[PDB]
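Undergrad: Here are the chains, one letter per residue:
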Amino acid sequence: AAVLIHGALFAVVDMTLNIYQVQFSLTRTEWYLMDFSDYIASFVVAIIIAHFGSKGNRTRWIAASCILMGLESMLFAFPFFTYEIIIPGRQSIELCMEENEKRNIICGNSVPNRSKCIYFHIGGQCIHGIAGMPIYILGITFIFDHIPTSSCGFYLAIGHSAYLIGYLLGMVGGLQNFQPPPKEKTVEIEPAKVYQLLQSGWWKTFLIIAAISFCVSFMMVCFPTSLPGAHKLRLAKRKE
Amino acid sequence: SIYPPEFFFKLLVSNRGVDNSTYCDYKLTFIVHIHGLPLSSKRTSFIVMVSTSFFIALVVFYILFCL
Amino acid sequence: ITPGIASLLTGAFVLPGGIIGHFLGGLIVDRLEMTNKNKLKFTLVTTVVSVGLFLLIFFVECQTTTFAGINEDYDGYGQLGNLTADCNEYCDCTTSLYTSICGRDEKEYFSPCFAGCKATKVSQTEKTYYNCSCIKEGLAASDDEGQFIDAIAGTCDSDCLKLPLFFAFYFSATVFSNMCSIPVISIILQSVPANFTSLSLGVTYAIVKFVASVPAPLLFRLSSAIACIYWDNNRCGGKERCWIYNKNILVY
Amino acid sequence: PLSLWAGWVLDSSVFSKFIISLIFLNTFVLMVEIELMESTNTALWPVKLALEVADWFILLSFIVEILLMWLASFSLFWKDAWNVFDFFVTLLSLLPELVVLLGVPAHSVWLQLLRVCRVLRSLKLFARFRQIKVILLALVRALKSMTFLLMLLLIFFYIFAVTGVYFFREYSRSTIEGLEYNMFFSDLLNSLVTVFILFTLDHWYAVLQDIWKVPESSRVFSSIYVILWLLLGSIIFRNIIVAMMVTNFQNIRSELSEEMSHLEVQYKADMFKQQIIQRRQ
Amino acid sequence: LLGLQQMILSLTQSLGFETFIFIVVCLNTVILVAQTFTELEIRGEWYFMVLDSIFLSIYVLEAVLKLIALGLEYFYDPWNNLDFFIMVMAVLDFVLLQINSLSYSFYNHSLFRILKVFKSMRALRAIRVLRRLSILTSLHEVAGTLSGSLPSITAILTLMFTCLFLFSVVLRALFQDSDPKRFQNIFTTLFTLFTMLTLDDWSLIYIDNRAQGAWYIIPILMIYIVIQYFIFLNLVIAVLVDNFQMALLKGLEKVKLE
Amino acid sequence: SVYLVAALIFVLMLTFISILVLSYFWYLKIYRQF
Ligand SMILES: COCC(CCO[C@H]1CC[C@@]2(C)C(=CC[C@H]3[C@@H]4C[C@@H]5O[C@]6(CC[C@@H](C)CO6)[C@@H](C)[C@@H]5[C@@]4(C)CC[C@@H]32)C1)COC
Ligand SMILES: COCC(CCO[C@H]1CC[C@@]2(C)C(=CC[C@H]3[C@@H]4C[C@@H]5O[C@]6(CC[C@@H](C)CO6)[C@@H](C)[C@@H]5[C@@]4(C)CC[C@@H]32)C1)COC
Ligand SMILES: *[C@@H]1O[C@H](CO)[C@@H](O[C@@H]2O[C@H](CO)[C@@H](O)[C@H](O)[C@H]2NC(C)=O)[C@H](O)[C@H]1NC(C)=O
Ligand code: NA
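Chains as they are written, first to last, in this note's numbering: chain A, 10 to 249; chain B, 256 to 322; chain C, 3 to 254; chain D, 139 to 419; chain E, 6 to 263; chain F, 379 to 412.
One or more hints might be untrue.
Stated by the list, open to error - Derived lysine-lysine pairs resembling DSS-like cross-links, with alpha carbons at most 25 Å apart:
(1) D:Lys406 x E:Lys255
(2) C:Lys109 x C:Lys123
(3) D:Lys262 x D:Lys217
(4) A:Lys192 x C:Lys164
(5) C:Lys164 x D:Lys186
In case anyone wonders, no lab produced these hints; they're calculated from the structure.
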């Protein structure tokens, strides 16, 4: 349940980052940098939390890393709502005239309020990896140290696949809204109408996604520190 | 009376706007006899539910007539 | 295949191999309680046949396919880059979003508006272009109803059957990959004491993002342009949009 | 453990249930195949390939199982009648795949009947039924009894066919503008099939009247021929077969009854033999 | 549940309940044999529908009361199972009639008639009446020996149907568009083979094919006739004769027993 | 549609040979018991 929304989250973001680059007047240089932010964020926590997961309660740390998923996912949706004015075709009225066509594609006031979002986005990618990685470390560690060997792979598989099934629906559920409405084919309003449905499309999606990462964390916090299941097995594996 | 009910239908056969062949508006009024009319569903159910209520009443009393 | 559609094809089809690859792959060790020697034999033959499946895919790439554009200078009427002719300027064609459109001569024309199409009537289920001036004679039988003669947006494909061979070979390679993951991860637990298994996941997970995912894009990026040599040098500038992703070099 | 592998797998009961499932399914998928090459739809395109791939799936599965029996023994594989016949059938059913991948001779009448042979397999499926075995063995054993009767029938088809060629020659060599059965006695093969038709008592009187419709072919030889074939061939001989088969059922009853008697008499001797040792103790 | 059901029983198996129901069933069958002339059914149509609704109510009475009396033991016996199926058909055609307009287009609708024949099935109950009065058991012996013969009759019958079915499949595969009037459909292939199995006009289909299509059908049809009429039906005759022979030996030993 | 159909078969024929192995190693587990 923690992994599924974790799987559901990332798959959306890759396209969300990708479409953000193309739509919002970026270069292909910055997009990898936003992508790179998730990668290194796990790397700077793949070791630190592992040293910290050894010393303390695994259950507490995961839900906290589940909590920071909730903060991250909505944060990655604030720029879409706040900055829906970045680059529509004609909504930057100060500089584009509704009757002139060259005016409507120049005077790039979109590159401001763009790098501001990238700070929301580089933060959105960094909080993803810093918090996402302990979920995939500590939880499986709890699978290692509390579940017998002969069924860990049965649990190792489902955890891997619960990340895969979110790789599916992160594209499948997300793209049905990003992919254009029944009207692909009207006059140029549609690029100015498709623009509304992608930022609002993710601002809708991440609002529900992030809150789920909270309620799942709240349930794990209520889970015992001293797991009664392992204590029965620990005495079984302490003797003999 | 005995036999199925019978009805009479006075029906009119006209030719007013349909024909371009002639000036004559043939207006034939004639009566037909129709016998063999069929049982109404209302008359059919009304037999059933008023007959079941009777034969049920037959058994129930004769259940209590044995005690 | 349309880049939006092409992205879906891998996304909606690599998972069905992947999910069971862990499910069948993991349950093999779990049901059989496989040993350390057993899994190593299990991993080897798992990958060996997979590579021959990748090799099988490579053999499939050898087969010829229909070719659109990249026919060297446009039929003798202009060179690569003529593309900016008169009909480019009138309908305001922009060299970044250019897509190939098919003419009735089976010849594939890029930038449907560059095809000289001064009119476009769009139906409910398709996009079509009219008065296509910059087209060559073409137009053998053509067709239409409310209108006569016109060219249809998008690429035209007559031999895409090879596609079912490609995924089929792609699925079973994917399954073998996901049933290689379980054997490697399963062994790591065994050779580490119970208290130290917590730091075991971190050691391998540190190599995941740094040693692999940091140098990888650069290795792709350099060799991505190697097959994308023919960049749109006239407009895009510093390698923003290519036009000839070398269909023979990239495969090799 | 190489032949042991094939021996083991060919022994699993769920595996055999599966393969009989395959036989039932190929039988019933060849059915709906020949029905559904109708161009009256486009939603039928999606099931065409499904049925075709099921076809080749069951086919190649037959090949893999045959190779499994090779790997098992390879030696008695040519001694069991059913297994060797199945090899024959699968061979002659995979021959169509070759003749279509070559397409040399034509897409003609011989081709279609080579395909349909598949369903033949399902015969084995009914060997598993309990009485069918009894009726069939008795049916094969009785057929063995009346072996020479069939040779008398063959002689009499020879007789009546090659004399019906000669009796009715002006009839087959006739010019009457209106006739129906002007062919039945044309040549020898037509004469033999005609003798069969008369043997089945179908349209004997109509053919006889047709013969009479020629002013030639005296009505005392055609009549005698037809009536003597109908009496002798069609009523007696058809009845001797039934008599013989009833006799064979009576025989089978007799041996079963006598063996029951022998077992009961042995049991009575046992109940007499058991008291002996009881007394001897 | 012990006194109410029990009195329902002791009123159900009562020697008057049975006679009342058999009177009903013999009246229904005399009506049902009245309705097969068209000189009486057309006249007395309005009274017959009234009487048949009456009979439907009576059968509601009997079926519900018997079910309440004897639990699933009612479903256990097949004589009643016949009655329950007849009941289901009656109630279904009743509701279908009410959910349609009783007119000519429904008189000539095939499903109306099909639902009507199952009403004819009520006449089967009449045999139960004939059983108590007695059939004289004059055919008790023939019925008993047919009863003995059936286990193998079913087996040979299904074997010959199987042969029919295989030949029908192959004939459909081969001889399309050579007289499509006969077997253009699988079902009409199968019926053509079945009607060949009675040997009526079987040469006609050979001639018809030979006229426009081709004659390869002659070895197939000759082999078909050989197998089915010549070796299968004679098996039915043989097994019946043997069964009645056993019946005769049983009778001989039984009469010598006295 | 030959390639399309030739795909589905190679998907299954492949998986069927995989099933051969799974029982085999399962049978390699219980064969020494005999
Ligand atoms: C004398 O006492 C006998 C009693 C056992 C009675 O068993 C009965 C079970 C129901 C059964 C099999 C019996 C007789 C008529 C049978 C019906 C005749 C009809 O025939 C069919 C089939 C053939 C069709 C031509 C007509 O419809 C079926 C629909 C109908 C039928 C076969 C349904 C089943 C009925 C026998 C034991 O007593 C101690
Ligand atoms: C006295 O107790 C006997 C009881 C065993 C009773 O077995 C019964 C099994 C059903 C059976 C075989 C019996 C009698 C009538 C048989 C029916 C007569 C009809 O005949 C047919 C065939 C012939 C046609 C002319 C008419 O229809 C069949 C459709 C119908 C029939 C053969 C269906 C089968 C019936 C005997 C054991 O008790 C201890
Ligand atoms: C472009 O296509 C349109 C229709 O798709 C053609 O329509 C004609 O336009 C001219 C304008 O010069 C009118 O005078 C004609 O009456 C139009 N035809 C019809 C049938 O309405 C137009 O011809 C095409 N352009 C060219 C250059 O041929
Ligand atoms: Na006849």
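Undergrad: Does each hint hold? Answer for all of them.
TA: Cross-check of the supplied hints:
no., hint, result
1, D:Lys406 x E:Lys255, "24 Å, holds"
2, C:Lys109 x C:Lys123, "22 Å, holds"
3, D:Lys262 x D:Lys217, "17 Å, holds"
4, A:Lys192 x C:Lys164, "32 Å, violated"
5, C:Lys164 x D:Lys186, "19 Å, holds"
Checked against the numbered hints given earlier, the structure breaks only hint 4 and satisfies all the rest.
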